[PDB]
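Take a look at this single chain in structure tokens; it is the form deposited without ligand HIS.
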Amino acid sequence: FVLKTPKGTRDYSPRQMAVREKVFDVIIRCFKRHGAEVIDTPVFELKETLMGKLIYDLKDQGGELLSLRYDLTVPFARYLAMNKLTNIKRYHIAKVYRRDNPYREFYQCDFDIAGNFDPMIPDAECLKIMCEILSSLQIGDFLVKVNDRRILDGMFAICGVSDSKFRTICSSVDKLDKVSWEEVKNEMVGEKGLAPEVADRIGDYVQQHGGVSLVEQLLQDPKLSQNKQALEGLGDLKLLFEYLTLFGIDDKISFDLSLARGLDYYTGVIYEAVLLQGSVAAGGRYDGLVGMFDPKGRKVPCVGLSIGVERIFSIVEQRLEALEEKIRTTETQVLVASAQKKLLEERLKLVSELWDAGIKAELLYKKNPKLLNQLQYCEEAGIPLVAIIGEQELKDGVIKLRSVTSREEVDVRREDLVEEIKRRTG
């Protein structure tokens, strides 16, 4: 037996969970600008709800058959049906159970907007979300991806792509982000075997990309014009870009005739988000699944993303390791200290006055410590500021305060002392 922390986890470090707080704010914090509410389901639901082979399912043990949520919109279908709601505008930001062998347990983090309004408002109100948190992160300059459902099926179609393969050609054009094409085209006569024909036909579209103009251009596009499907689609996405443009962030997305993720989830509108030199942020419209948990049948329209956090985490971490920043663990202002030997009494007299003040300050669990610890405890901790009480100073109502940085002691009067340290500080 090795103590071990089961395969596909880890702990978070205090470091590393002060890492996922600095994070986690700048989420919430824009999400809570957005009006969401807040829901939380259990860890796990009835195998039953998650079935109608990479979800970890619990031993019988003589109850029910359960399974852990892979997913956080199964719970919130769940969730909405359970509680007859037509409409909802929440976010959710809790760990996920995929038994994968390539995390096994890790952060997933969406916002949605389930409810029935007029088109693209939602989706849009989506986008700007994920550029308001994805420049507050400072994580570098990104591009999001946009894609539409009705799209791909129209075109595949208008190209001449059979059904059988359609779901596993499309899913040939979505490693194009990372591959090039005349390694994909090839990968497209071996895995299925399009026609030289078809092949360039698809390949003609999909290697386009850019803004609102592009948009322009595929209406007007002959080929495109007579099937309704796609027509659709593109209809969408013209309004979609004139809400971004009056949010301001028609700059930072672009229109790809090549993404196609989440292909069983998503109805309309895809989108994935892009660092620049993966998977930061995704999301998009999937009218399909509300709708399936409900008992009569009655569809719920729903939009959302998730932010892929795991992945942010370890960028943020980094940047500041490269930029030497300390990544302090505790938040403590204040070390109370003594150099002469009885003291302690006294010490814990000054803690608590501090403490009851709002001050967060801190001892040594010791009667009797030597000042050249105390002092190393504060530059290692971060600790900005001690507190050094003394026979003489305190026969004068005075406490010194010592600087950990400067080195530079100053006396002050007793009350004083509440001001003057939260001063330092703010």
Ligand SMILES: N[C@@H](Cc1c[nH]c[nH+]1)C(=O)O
Given for the second form:
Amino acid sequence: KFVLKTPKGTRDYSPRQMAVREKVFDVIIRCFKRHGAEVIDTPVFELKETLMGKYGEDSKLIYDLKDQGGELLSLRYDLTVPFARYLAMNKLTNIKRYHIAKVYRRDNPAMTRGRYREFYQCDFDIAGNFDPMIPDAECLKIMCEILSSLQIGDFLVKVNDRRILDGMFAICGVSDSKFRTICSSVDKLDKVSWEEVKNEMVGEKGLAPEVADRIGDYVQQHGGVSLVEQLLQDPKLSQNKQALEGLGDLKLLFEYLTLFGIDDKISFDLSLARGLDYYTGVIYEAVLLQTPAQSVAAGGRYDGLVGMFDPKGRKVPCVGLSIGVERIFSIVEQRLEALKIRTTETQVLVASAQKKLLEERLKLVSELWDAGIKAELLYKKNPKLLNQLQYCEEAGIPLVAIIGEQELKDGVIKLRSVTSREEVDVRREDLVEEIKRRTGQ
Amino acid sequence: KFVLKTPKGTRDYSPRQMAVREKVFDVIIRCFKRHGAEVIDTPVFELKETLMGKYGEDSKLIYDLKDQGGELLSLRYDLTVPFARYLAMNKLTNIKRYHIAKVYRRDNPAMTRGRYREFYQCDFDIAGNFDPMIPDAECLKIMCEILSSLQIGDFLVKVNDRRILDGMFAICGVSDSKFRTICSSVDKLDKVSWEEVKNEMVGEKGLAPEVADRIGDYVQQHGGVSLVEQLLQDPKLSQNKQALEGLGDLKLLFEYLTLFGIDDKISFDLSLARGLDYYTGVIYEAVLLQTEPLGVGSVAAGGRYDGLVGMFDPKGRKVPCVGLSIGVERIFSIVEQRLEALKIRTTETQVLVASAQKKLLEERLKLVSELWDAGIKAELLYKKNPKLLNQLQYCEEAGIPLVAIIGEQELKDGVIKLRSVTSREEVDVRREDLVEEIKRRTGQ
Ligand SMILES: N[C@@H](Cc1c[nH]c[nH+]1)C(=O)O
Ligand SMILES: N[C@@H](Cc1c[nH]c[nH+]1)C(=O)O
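Right, the form deposited without ligand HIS is done, so what does the form solved in complex with ligand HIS look like?
First the chain shown before, then all remaining chains and molecules of the complex.
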């Protein structure tokens, strides 16, 4: 019952999958850099106490390391808490960073295909005291740039504010003590019925039926900027100062989103409440829409988190986003299967048909390596030429440099195109340039 | 008091440290690709049983995950054992891959500076049944290409074979019982004197003086190919078949190393024995030399390990493998110290959209978004009415070369004042031309 296997909910990345990974990360990183972000990295684990008391009910899904006599450690559940720890530890107030790394969650979803316990997040976060809603709006612009550039079909970004959500709960009659647990039930509305949620709130979490009904009247609503204006003219909700400020900030957000040319991509949705306790202002999730045949990014503002870490409680406003690339890898692979990607970049194979020429091949391949050319040879004393061409056909190697007794005497090499099969004599001094000229370089 | 802290022996990477990291990895990866390697990645943990019984006495330094009801898991101690597992699980016999990732070891060294429990390894490994010593020789070529290209001073690569080493103890009269404990004492010769080791073998590990002396006659020796020929003509050692084969393979190795133009960088050193149990043929460590040069400590290592995939395969089928790993943690310090000797940026922003007047935030957001859409790397200060002086100071510190200044009159006229942060010269530029003009000034 030892079996060769990766741990439950984790996968290797094959060369083919790594090719796709690099392509997706390249689009994402090009965008993060375009917005002037620094990059950092943190250890894979933190102290156990670092991650406790931050996430909410999801804290039950953290991987702990064994108590081996030393410190109690835990694998990072996301990149944001480590970011807040980095800020506080270094006493920083202002930084704009991106971070691309794996995170660790003991999930148990119904779909067990793919990497559901160890998966990459691509984060971008702006920390600092700035004027209202500008960095918030930029985060939404970054999401839309990226999702558009990846070309993974049409998408929509749902938006809300935790102040609106919690103020709406107050008007409906939810006590302040239940804001987190009721907000948690509303987060399930993307997977379950309203009836199933309503029953959870009444039967299990102890709400009254009447107030759950009232929550439904708001939660079902979604639209654009006109909905914000509507709710500002709402008689009941306008009397809540908390909600009033959140709505006022979303009004400002939509002004900036329009100037960024992405107001058409945003849905103000009152059912959106994120899964994590630390959000204080805006929150958002992007979802892919279906074209006829048949969440991919998320984030928000979290102004309290660095304060929990600072010795003297000093706060540092932060807003950010994270892109879930695991779904995207499947989609991008399916696009390429629809249109043969290589997993090496070898430009040439040094080869020979005759015997007793391994030494000369090693000389030549090394010469090429020293000139920066991507070169290989078969690890054989006297390989057959047919096998050498087959190795190239399968790898996608475009050229073969063939050595023979006579060619060494003459100071040339036979250069054959793997795809056309045409062969040309090339002077050994010219070989490097000729290879570069043929392979894009 | 709650303590803000990274776990013992681990560090963050600052933006500045990441810039250095990218520079080093870029040299390394350019070389791995040049040799036609595929790339893979594996999870950070394996099953606990995957890593047990492979490394030797070092197995006592593995990080285990908590038993939380499910499987027993462990953080990877290196990249080679996961590689062997990848091969066996997928039933592969032939693959040439590189892998750059962090590894996890509960070390306790005297020096506590830096990342000593979580650190990167850059591995390259060739698996397959091939003709003798060709892939082995290529691994050594890769080490020398890389260490030269990083420009971290002069270096030397020590080389040996486990068959030579184990055959040599036998002729000196060490019982098969003690091969592991005596091999462990000889591994200390890169840090301590021969006398101190000899005293450890005699007094503490119970060896006879006469046989420890005999071990010294071999172990103290190091040189190039002539030493290999010397030992082949050795009357005692030539009678050991195991050692004879290892010497024969090193003879062949030096022939190929010469053709690769790196025979001058290799020292056949009999005092070299690596720390891991799984090596079967050649083994090697690279060490930086000081400015005979002495020897500062090791920066790359590897060898041939023909038994490891066999331990994983259900039916015991072996897959010969040879490889190397580059320890980049020492290299980061050296490369940083080189740059301190000669101001590296941590962003690539080409331009800051700016204004000196008030009521122009809207127009700045329009412009910066225009630029983003044209692929230009652009920023603005998150301020309604920022001061121009502060905007120029933000650029000076960040290394941003250009500032695009908007004013009421400039919008009317359809132009932008473009100012160079480093020269301080300002030119009017038509708004249509702005993207091209920025590109033309900041490369391409
Ligand atoms: N860390 C959050 C996303 C986020 C990034 N920045 C702010 N929020 C998550 O894991 O879903
Ligand atoms: N895994 C070895 C190095 C190695 C790579 N390939 C063969 N050996 C180490 O960490 O020391």
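Take the two forms, superpose them, and find the largest set of C-alpha atoms that agree within 1.5 Å; that set is the rigid core. Positions refer to the first chain, counted from 1.
Annotation: the position in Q340, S352, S225, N87 displaced by at least 2 Å at CA between these two forms, with the core superposed, corresponds to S225. Core-superposed comparison between these two forms: the C-alpha position of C109 differs by less than 2 Å.
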